[PDB]
Amino acid sequence: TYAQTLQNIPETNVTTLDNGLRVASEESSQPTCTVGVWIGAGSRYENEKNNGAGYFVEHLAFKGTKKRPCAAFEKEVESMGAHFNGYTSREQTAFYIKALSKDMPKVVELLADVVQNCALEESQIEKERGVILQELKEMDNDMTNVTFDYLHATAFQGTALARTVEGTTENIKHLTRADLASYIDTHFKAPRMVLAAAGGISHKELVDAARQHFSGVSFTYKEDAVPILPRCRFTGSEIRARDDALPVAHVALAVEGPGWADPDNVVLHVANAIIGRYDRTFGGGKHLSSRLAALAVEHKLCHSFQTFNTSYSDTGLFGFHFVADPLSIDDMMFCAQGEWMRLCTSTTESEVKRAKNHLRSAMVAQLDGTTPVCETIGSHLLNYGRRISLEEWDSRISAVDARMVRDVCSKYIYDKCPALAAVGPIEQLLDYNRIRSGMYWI
Amino acid sequence: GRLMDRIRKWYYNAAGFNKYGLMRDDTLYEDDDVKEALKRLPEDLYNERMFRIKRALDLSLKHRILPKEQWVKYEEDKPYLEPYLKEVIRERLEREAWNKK
Amino acid sequence: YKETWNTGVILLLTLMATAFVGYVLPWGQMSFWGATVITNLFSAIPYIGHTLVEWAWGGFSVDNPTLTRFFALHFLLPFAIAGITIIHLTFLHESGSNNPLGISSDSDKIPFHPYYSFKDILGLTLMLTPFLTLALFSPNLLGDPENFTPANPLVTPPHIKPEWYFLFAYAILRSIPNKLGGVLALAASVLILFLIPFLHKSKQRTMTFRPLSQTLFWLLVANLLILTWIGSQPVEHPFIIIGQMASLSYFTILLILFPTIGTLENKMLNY
Amino acid sequence: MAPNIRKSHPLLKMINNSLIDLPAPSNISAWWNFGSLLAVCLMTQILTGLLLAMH
Amino acid sequence: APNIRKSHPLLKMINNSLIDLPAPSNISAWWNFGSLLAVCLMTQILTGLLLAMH
Amino acid sequence: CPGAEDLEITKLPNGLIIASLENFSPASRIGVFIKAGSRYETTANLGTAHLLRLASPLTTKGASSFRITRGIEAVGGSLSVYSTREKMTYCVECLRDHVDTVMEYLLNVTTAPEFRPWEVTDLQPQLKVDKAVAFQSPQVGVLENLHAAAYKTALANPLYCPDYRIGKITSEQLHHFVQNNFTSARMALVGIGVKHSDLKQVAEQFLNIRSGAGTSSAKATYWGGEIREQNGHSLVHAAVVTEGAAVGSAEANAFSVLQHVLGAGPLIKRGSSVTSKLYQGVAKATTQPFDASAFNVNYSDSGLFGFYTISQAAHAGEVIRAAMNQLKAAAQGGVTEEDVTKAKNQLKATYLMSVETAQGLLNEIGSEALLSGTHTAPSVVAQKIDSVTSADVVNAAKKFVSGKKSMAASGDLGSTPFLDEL
Amino acid sequence: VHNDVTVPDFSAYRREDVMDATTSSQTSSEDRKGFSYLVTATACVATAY
Amino acid sequence: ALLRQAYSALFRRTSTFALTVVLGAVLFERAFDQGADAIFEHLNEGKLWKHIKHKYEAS
Ligand code: HEM
Ligand code: HEM
Ligand code: HEM
Ligand SMILES: CO/N=C(/C(=O)OC)c1ccccc1CO/N=C(/C)c1cccc(C(F)(F)F)c1
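Chains as they are written, first to last, in this note's numbering: chain A, 141 to 582; chain B, -5 to 95; chain C, 103 to 373; chain D, 2 to 56; chain E, 10 to 63; chain F, 9 to 430; chain G, 13 to 61; chain H, 241 to 299.
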């Protein structure tokens, strides 16, 4: 039975190295594994002058360390069949590896070597400079991301969260070997990092290999101190980037979310499951349970739409994004906001009942493999300061009911000034005022 | 015995749409269910219905009817739509019932 | 065609109010007493009764203040009728005309002009002839001689009765001895039209192919001539009992029998 | 705009879509003649009404 | 149609001339007289009738 | 309480294979694997397999189009159909407690479709959409043309309904395709997250379209053509192959390894691939951005092997040549005993990682239970892989340089070479 | 590229309570809405009178 | 904070907002009229019949 399978899930072991680093893992019977370090750093930690540094650092992170230059490093990882990957977001960065459990220790050494000893070769930097500049022109053509960037740019205008992860064209054309070094030396530090691992690995052998390559200890009390970031102010507002030459328009709308720590996030996610998502390839078509999806199909309201509950330490974004043809934007928005009002005023037990099952499946599906189980551990620790087992999540998810979804949603959505980002042939979508009114009375 | 059958056949003739060459199903008021059913009819059945109906409208404007020989006989009336229509309604009631639960 | 229908019911009501206030203007005996009889019915409404009435009269009885406001209303309402008529046709054009066989006519449509412009012009002259014949050869056939006498509040005419087109309703009014009940009955006799769309049970639209409904239909028509006739008669035996029979059958036919027979017919078609 | 001025013009277009190119069933009978008579009847009452009102 | 403000044969009219009706963003107070003229007209008719009744 | 369970695998009298593995995961994933696909299509019914794929949600004899979707979604489940030119998998996922519920729909969809004409008619325009998003990846257009150039039949058949046939498929063709292919001897009912007895009681006391193997696909004749597509794209995608190895064939392992030796996919984000001879070779040849990999497909009665290259138009010439020279250079003993060692690992690793996924595992399991009826232990597949000499690899490479090649390219081919110029 | 785009400064227009970029704007939201809505409700009362 | 209390209790749910307008108007009328009349009479001391009435008021 489900209930039981949840209990019999191996616990996540966490132990702290005296230098401040935390080591966690979930041991499975798998011959293959994933281990990596999740860092509490990102563009939110950057300032107006080093914006993009963490991303620039992501480009070098793999081009070799001091102990072993480019060619050697790659050749050493490739030849053991290991996969080296990672990313960097607004509040979180990560570098992790997929290899056989057998190589777990050599892996840990490689990791530690990357975060601690990045070569930062002067010649390499000038090369990744042109590369990043191109990835900007490429990403500039991905409306979905251009839209979420804009959403942040305005929702959190005038703050750190208002910045893109990749940074500016200026910052990238001028960032220095120093700034990159400074960033790494300023942010990649034990107390702010977590070495997570999942697969067939002994927590012990892990931590042992940990103490060995993650030695650097702290002297002052400052070094053992995790810095609290200045809060980012949310602003109900809109940014309209219009280009009628674009084939379809993208629209994103959101209100301020509570931030990782808050339990309501469980309800918000349940809420998003009720509205859910859609795309012209969903075979379910006109019979989908999601009312917004049905209308979308019946009236050809959009090419796709998604609900999201993006969390951050002290805040977040709760909203939705859709892609529609120039002449259906207005109706889509209309029904969409309509569904939000339904959430606050007339949610049904049948809806939540189903929303919960979808959510349960979603959380489980997020632990499908070593890399994804590792991502969870790295993230949970860094954000909740511990691991929340599916058995717990389920307990919380099961306590949600209609009454609760209504109160929580009313609390975050009803009569709030939203953040709006629109890109493309958006002439038919219009007036912040009109949209603001869609924020009340079902 | 054959009472229900005597009555039906009687009503059928009293109604008189058979004098226009129409099938009982040709005379149905086109509400939503009926409209859906019609969309499911095979092409040939749909065109035959269309001609029959157009033909009846023309007789109607002329204030004539078909010669007695061409009248649809009670037992030869083909209930071509009733099958589709019953299915359309079955589906509707399923969804209605389900959306309440 | 629900909306075309409801606006229609509204047109009828407005037309009746128009003719009612119009009739008072010549200020003859039937003008005054008809005004009195009908308006006094509202003093029967609970609590707000007497108020509503003295408000309508602009005093304590039908008098000059009533006449002047009735003229204003009579001048005005016809324009509302014209207005509403536009809405009537607007809803109508959403669907287009229905037809005598009750089946879709998309397979065979013709332009309004010249077919119907001609048919209608012909229809106009065909009706217009009897109209003029009556108005020119028998001008007072339909009017009450009592209206060739100036209104006198100190002389009640023996038989206070309306123009023919209100008789059916007057009969129903008088069928319920009880000021309040009769008023509701009168009101219901016309408001009943708003329920017709909800009492359709037949699987077919028209009555062209529904012989049981057809007789029920003509029964109802005859029912109306009878009420019209009872409406013109004094309130005495046997007109009293006949009157209630007719009033009762009227409502029964529209409320109970039509929907019932329709269902019954559905079974006889094996539906 | 459009070929014939009966369809383009903001007013004639209205006159055309309700009294000329208006699609009507081919089989409507004399019973459908009463709508137009009602309208004409109404215009006539209003006309004679005004003439009486002036005296 | 999704919202009944656009589908309905009447509300649609009310919507296309008083709600979703596209208006220039820079029209001044001089454009306020059309509506005043309308309201003015409704008012004359109203007070007129009231006087006519006496 | 739960512990180590073992992968059972019965086989009913009608030939219906049932695989099963209880990993006590909070979620289950049952699936119906079938030997069917555009491979069994004839010029007469092209696209029918594709439309069938999109038709999974249509009404069935036991459940309606409406109940199939609402029903599955009510328990947070999912239902999908993945397929290749010769295998179709219908699978559903859900929490352990809902298997029995989700099972009814899976059973119904694969064994009791109704293909009502109207439903089918309204669905067909979807082939146009589905195919439109898929073709957004140039990657997909060339592979279609590759199979069309590499073969004269069966496999030459496209995976996406051809245009001219959209809207012309019939309920008869759908029914006939299903009646002649979805037969118990061609189907396997795999199922992760469940007790074998349960999954078996289902398979028997429930599945009905049965017996035999119905329509047999024509042998895969090899053509060796060259289809080019001038479409302007600043990037040219080209793929040059030769008859490779079949599945279950010993010669397989050899190619799979020559694959990793030549290089098949990067292992380091934004990183250069040194362990990739092919990549490295091309790198020394061109200066601008590009990509190159070892292409390898293994089908029932045939296979394809070669390389695939993406490059700026003007440099496709130099880039494709390079990829070639690097293949010949390998066929001429240009393979270290170490390269063979590295590869063998990357392959075993890649294999082992490609099974952490609920999807990945079920696929692996089901694939065998269908084109075999057994489960080759992981140690065995390992034993088979490293047991590949350095010679085998050099031979595989030879087979390519000598065999008749077929090429498929698309983009601004203005500077792209013809098969006879390599 | 869009990365180079940023929202101009609205300090010349922001209300006093949301002027500071490091303070949550939610804490004063019921205040800002309560005021404007109070004006509105009062107009309704003045009009109803 | 009255503005917040007001918002939460009165202006948030459209139903209570209307209730506030109605109850608000009832109270506004009573108050506004008393004040207006008060102002008007004070500005016209001893000129209104209300003022001189007593001189002849005596049956
Ligand atoms: C001043 C009164 C009225 C005017 C000027 C008027 C005018 C019209 C016109 C011009 C038509 C189209 C032609 C026709 O079918 O006759 C029409 C149709 C119609 N009217 Fe009226 N009408 C009036 C009153 C009413 C009333 C009282 C009702 C119903 C209680 C009504 C119900 C309808 C309906 C339902 C149609 C649809 C006809 C069809 O079946 O095709 N009308 N009316
Ligand atoms: C909807 C159309 C109208 C109807 C049904 C109608 C009906 C009547 C009726 C029944 C009378 C009494 C007739 C009598 O027996 O003497 C009347 C009188 C009168 N109507 Fe109308 N009327 C209509 C429109 C108008 C209009 C538009 C006006 C002028 C603005 C008008 C002006 C008068 C006047 C002045 C009288 C008094 C003179 C007289 O009694 O002949 N009527 N009307
Ligand atoms: C276009 C709107 C109207 C205009 C411009 C208008 C203008 C006037 C004017 C200039 C007067 C003279 C006022 C005076 O000095 O005593 C007047 C009087 C009058 N109007 Fe109107 N009027 C309008 C509409 C109406 C309507 C619709 C009615 C009623 C159906 C009406 C009924 C009267 C009456 C009864 C008087 C006479 C009493 C009086 O003089 O105060 N008016 N109107
Ligand atoms: C002012 O009176 N006009 C009469 C008349 O014949 O005008 C043509 C009249 C004459 C004698 C008795 C009753 C009436 C009043 O009308 N009688 C009835 C019974 C009636 C019935 C229903 C509705 C209405 C109304 F109000 F018009 F809406 C009135």
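Source of the hints: derived by calculation from the structure; they are not laboratory data. Each residue gets a CB set at the ideal place from its N, CA and C atoms; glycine is no exception. Don't take every hint at face value.
[Unchecked claim] Each computed DSSO-like pair below joins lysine-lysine, with the alpha-carbon atoms no more than 27 Å apart:
1. 336/F - 207/A
2. 29/B - 277/F
3. 292/F - 206/A
4. 221/C - 80/B
5. 56/B - 221/C
6. 305/C - 29/B
7. 95/B - 56/B
8. 277/A - 176/F
9. 211/C - 13/B
10. 14/D - 15/E
11. 242/A - 407/F
12. 176/F - 426/A
13. 303/C - 62/B
14. 62/B - 33/B
15. 246/A - 350/F
16. 412/F - 215/A
17. 221/C - 33/B
18. 13/B - 104/C
19. 62/B - 426/A
20. 80/B - 160/F
21. 160/F - 392/F
22. 3/B - 221/C
23. 48/B - 281/C
24. 211/C - 80/B
25. 221/C - 29/B
26. 221/C - 62/B
27. 369/C - 56/B
28. 21/E - 362/A
29. 242/A - 336/F
30. 21/E - 305/C
31. 160/F - 95/B
32. 267/A - 215/A
33. 208/F - 227/F
[To be verified] Label pairs and their calculated CB-CB ranges:
34. 387/A - 19/E: 32 to 38 Å
35. 8/B - 282/C: 54 to 60 Å
36. 64/B - 490/A: 52 to 58 Å
37. 121/C - 20/D: 54 to 60 Å
38. -2/B - 282/C: 14 to 20 Å
39. 154/C - 19/E: 52 to 58 Å
40. 49/B - 321/C: 30 to 36 Å
field: Satisfaction of the hinted span 32 to 38 Å by the C-beta atoms belonging to residue 387/A and residue 19/E
entry: holds (36 Å)
message: Check whether the Cα positions of residue 292/F and residue 206/A lie no farther apart than 27 Å.
response: holds (26 Å)
query: Hey, residue 3/B versus residue 221/C, does the alpha-carbon distance stay inside 27 Å?
result: violated (38 Å)
message: For a C-alpha distance cap of 27 Å, please report whether residue 160/F and residue 392/F respect it.
response: violated (33 Å)
message: Can you confirm whether the C-alpha distance between residue 211/C and residue 13/B stays at or below 27 Å?
response: Since the Cα atoms of residue 211/C and residue 13/B sit roughly 22 Å apart, the hinted pair holds (cutoff 27 Å).
Outcome for the supplied range 54 to 60 Å, where the beta carbon pair is residue 8/B and residue 282/C: Since residue 8/B and residue 282/C have Cβ atoms about 44 Å apart, the given range 54 to 60 Å is violated.
- prompt: Hey, residue 369/C versus residue 56/B, does the alpha-carbon distance stay inside 27 Å?
  reply: violated (31 Å)
task: Assess, step by step, whether the Cα of residue 336/F is no farther than 27 Å from the Cα of residue 207/A, and give holds or violated.
output: Answer violated: residue 336/F to residue 207/A is near 36 Å, above 27 Å.
query: Does the structure keep residue 13/B and residue 104/C at a Cα separation of 27 Å or less?
result: The hint is violated at about 30 Å.
message: Against the range 14 to 20 Å, how does the distance between the Cβ atoms of residue -2/B and residue 282/C compare: consistent or not?
response: This hint is violated: roughly 48 Å between Cβ atoms.
query: Keeping to a limit of 27 Å between CA atoms, is the pair of residue 176/F and residue 426/A held or broken?
result: At roughly 23 Å apart (the allowed maximum being 27 Å), residue 426/A and residue 176/F satisfy the hint.
query: Does residue 33/B lie within 27 Å of residue 221/C when you go C-alpha to C-alpha?
result: violated (35 Å)
Hints 1, 2, 4, 7, 8, 11, 13, 14, 16, 17, 18, 19, 20, 21, 22, 23, 24, 25, 26, 27, 28, 29, 30, 31, 33, 35, 37, 38 and 39, counting from the list given before, are not met by this structure.
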